[PDB]
Amino acid sequence: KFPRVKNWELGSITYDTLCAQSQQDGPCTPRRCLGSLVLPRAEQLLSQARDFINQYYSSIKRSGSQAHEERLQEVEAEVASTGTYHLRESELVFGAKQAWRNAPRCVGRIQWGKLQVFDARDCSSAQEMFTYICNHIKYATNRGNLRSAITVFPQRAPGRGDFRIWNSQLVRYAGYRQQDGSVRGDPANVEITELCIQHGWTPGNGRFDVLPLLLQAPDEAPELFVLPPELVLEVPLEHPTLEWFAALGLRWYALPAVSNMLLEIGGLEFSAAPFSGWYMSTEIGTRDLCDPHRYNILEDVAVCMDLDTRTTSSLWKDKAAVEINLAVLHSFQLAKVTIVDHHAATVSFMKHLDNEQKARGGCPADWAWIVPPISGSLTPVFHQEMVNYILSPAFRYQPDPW
Amino acid sequence: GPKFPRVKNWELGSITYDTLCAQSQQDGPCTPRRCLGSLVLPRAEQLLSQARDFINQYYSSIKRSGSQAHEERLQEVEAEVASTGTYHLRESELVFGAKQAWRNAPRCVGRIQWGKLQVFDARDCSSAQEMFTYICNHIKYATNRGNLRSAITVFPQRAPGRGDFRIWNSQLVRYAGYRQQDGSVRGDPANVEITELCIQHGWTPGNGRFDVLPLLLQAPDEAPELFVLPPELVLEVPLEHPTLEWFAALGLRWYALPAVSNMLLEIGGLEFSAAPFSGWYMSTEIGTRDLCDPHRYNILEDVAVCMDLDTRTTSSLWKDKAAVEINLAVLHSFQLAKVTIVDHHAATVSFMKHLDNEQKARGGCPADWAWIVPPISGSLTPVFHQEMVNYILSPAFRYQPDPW
Ligand code: HEM
Ligand code: HEM
Ligand SMILES: Cc1cc(N)nc(C[C@@H]2CNC[C@@H]2OCCNCCc2cccc(F)c2)c1
Ligand SMILES: Cc1cc(N)nc(C[C@@H]2CNC[C@@H]2OCCNCCc2cccc(F)c2)c1
Ligand SMILES: C[C@H](O)[C@H](O)[C@H]1CNc2nc(N)[nH]c(=O)c2N1
Ligand SMILES: C[C@H](O)[C@H](O)[C@H]1CNc2nc(N)[nH]c(=O)c2N1
Ligand SMILES: [Zn+2]
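Residue numbers (full-length UniProt numbering), protein chains in the order written: chain X, 69 to 109, 122 to 482; chain B, 67 to 109, 122 to 482.
Hints may contain errors.
As the list claims (entries may be wrong) - Which chain B residues face chain X? A few, computed with CB under 7 Å, are given here: (1) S90; (2) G94; (3) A147; (4) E149; (5) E150; (6) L152; (7) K399; (8) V402; (9) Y469.
Stated by the list, open to error - For each label pair, taking beta carbons as the anchor points, the in silico distance ranges come out as: (10) B/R99 to X/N134: 18 to 26 Å; (11) X/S262 to B/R390: 53 to 61 Å; (12) B/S138 to X/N134: 26 to 34 Å; (13) B/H279 to X/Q92: 52 to 60 Å.
Just so you know, the hints here were simulated from the structure itself, not pulled from any lab data. Ideal placement from N, C-alpha and C gives every residue a C-beta, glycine not left out.
Start from the sequences and build out the full structure, keeping to the hints where you can.
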């Protein structure tokens, strides 16, 4: 009923009691575990709303108070009359932080209480979305001293189409399918790149061309907006000891800003609610730059290092990957842009686990995502058993809107 | 697609559906409420149904399903259970079952080799002395002077009201761990308990970092007996680095033969409590887990100091750099000593081939992602990008709690 959770490095044991609060089923059954899958495939609104309002008044230590009773009344009155309701700004702020706190795949949750929430629910056009997005980027970037933020656009409504940001992140690089079937730039972005061109964008021809935004107001075709280049902070990549590295012309953007996820609070759904923090370096150094289906630079770098590329057992991939990760860290540090390495991040996540154990009796965590893509067992999270489950408020993946 | 789990590879975009999971007769620890896939230890009518299922599997495998020989074997199994409470496997049934248990092991990345397993039948064993003889024969055969051969030796099954055959050691070859006066451990901290148990049963201990442990072998209803492995039987590899000349001076070594000895082999409801098996190492297990785990030999800082890395800060990636060179030293040293070993890149490549093989042969492959993905360089290997479905099939290897 309550899972025992063991840490194999230290021998310590906890019991996860928080999982009993989960009201949403995941993909696993007693017959088979599907934990490694990336996307597994009024009365109800009212109970989700009540539970959320209960969570909110409990957080400000006012459970059972007058304000608590009357707010529940307002919610019931609104839902009974209209089939929906609306959150107060303070409730939205609480809800956004809780969705972050609840996110099982996020190693950065020690920071969960520190989040700037921009209320963009008064947005009525793709143009207004753009202005809000520009302000988010400026605030969050803060000349390299990154600040966590989320901008929340109008909720879904039974009648109409969603507000949507078509881009999966606010800042990404284009991928241009070449004549010879190869890709120039980021192969993950060929489709969105093609959509932008088809919506009137004049493309670059570089490996690191910042994509325009396609923003969608309800039941309208998406509209194209180019980010002012001064707003988009980038970091040229150099290596502390390998001089030829800077000459690879590699770079990455400062701000990791996820724009494709749905934010669910109290049964209400925010289909556009882009959020940003700061990078953990292995994501750039390992996944973005070294994934075979991404920039795939591993062999290039290894040849520059004069490593024997002919055989796996020289561990040329492992050596090149480490140096690339080092270059990312050195470069962001040099440019004075907030970044965290995987050792520091996982140490802080272990602290987060302990804090949550005391605060809530557990912490939903997805081990496959929490353990970094290099040097897994070198981090403390590798030796930590984790219990995974869905708590609400929650961030939810939504498929590309085309 | 159908009502079976959809399984995606994110590097290649390819999709399969796992239909094999329908064959699972045993619950794992997950529910719709919560996933427990990352936990190491998951929390006569019965016998006969497991037996029938296994016999059905055996006759399917030899293409005689529904035949007279198949029906007669089922009747023979039932009549034996009816009169004795148990039954016994034929030689070829044991061979099939042991191979199938390996094939079915979700945590094993080496399964491309599953059909090549030398099965030693030791079901005639009747004393701890004879267990020792069988184990020495296994080690000699498996080691083969460095040209390693996969093998399993199967001792008699669990029986009603009679004690088990048990090997107390978790592996046939492990190093001692000696608790020091200052609280530190000399040798392998993982083995402190077994080391102290060996001393209690009359072993004169060494005082090195790499002292091979004796075996504690238990025959039915007896105290375990102590047996020292003759040193000429235990092949070891001194560790050196191809370019860093000081590495050899560290005096590190590892043994050639990974031989797991504490797992239970379950076949058709029969339980083989002693059935040690062995293959060859994947290099990251030694280089990363055995040598670099904080709770094991913990040599990362030592090696990083020798490499002159800045160990005072995480962002120098000193742990990552040292771990890579230690892993390279292991591969290099085993290759130099002509002892079979496989790197994590070659092993995960072969496992992807295995997945494709099993997709065609059985419609899926149970696999534990957290164990298949190696402990360094995870996403540099193809298995990181492959979704995996985990479920329990029988025949199976199951973990056994220490007999103490
Ligand atoms: C402040 C610094 C932060 C760090 C270092 C961090 C770190 C990470 C990392 C490494 C991942 C896995 C990324 C991947 O491989 O795709 C992740 C995922 C995630 N993070 Fe955090 N994060 C931070 C801030 C935030 C914020 C501000 C939010 C929302 C308010 C958030 C919510 C999420 C969610 C929902 C995921 C899963 C995303 C997905 O499914 O693609 N994180 N984070
Ligand atoms: C032939 C070369 C082999 C290779 C390269 C290999 C590789 C591996 C690796 C890397 C692991 C994870 C070990 C750990 O981290 O503790 C593992 C586990 C396992 N292997 Fe294989 N293996 C091989 C042969 C075998 C054989 C012959 C058997 C049995 C017949 C077997 C059955 C298992 C089982 C049952 C586990 C899980 C053990 C546990 O739960 O502690 N493997 N293997
Ligand atoms: C198919 C699919 C499902 C899903 N849940 N998610 C995705 C995004 C993928 C996950 N892996 C790569 C890519 O995500 C890339 C974006 N990752 C940034 C995470 C981050 C880091 C620091 C601060 C933040 F605010 C956010 C795709
Ligand atoms: C508690 C517990 C549960 C469990 N299932 N397992 C264990 C042994 C642990 C697993 N992780 C480290 C240690 O096992 C160390 C032994 N692993 C050798 C694997 C191997 C490699 C090549 C060929 C083979 F035939 C076998 C402990
Ligand atoms: C198939 C597998 O689940 C998939 O490759 C996951 C593994 N772990 C991950 N972990 C993080 N942090 N981000 C990812 O995109 C992934 N991908
Ligand atoms: C907590 C976690 O499940 C545990 O540390 C696992 C992770 N993956 C592993 N994978 C392998 N191959 N061997 C192990 O011992 C472990 N340990
Ligand atoms: Zn699961």
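Do the hints match the structure? See the list:
no.: 1; hint: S90; result: 5 Å, holds
no.: 2; hint: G94; result: 6 Å, holds
no.: 3; hint: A147; result: 32 Å, violated
no.: 4; hint: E149; result: 30 Å, violated
no.: 5; hint: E150; result: 33 Å, violated
no.: 6; hint: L152; result: 26 Å, violated
no.: 7; hint: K399; result: 6 Å, holds
no.: 8; hint: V402; result: 5 Å, holds
no.: 9; hint: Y469; result: 4 Å, holds
no.: 10; hint: B/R99 to X/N134: 18 to 26 Å; result: 20 Å, holds
no.: 11; hint: X/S262 to B/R390: 53 to 61 Å; result: 44 Å, violated
no.: 12; hint: B/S138 to X/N134: 26 to 34 Å; result: 56 Å, violated
no.: 13; hint: B/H279 to X/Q92: 52 to 60 Å; result: 54 Å, holds
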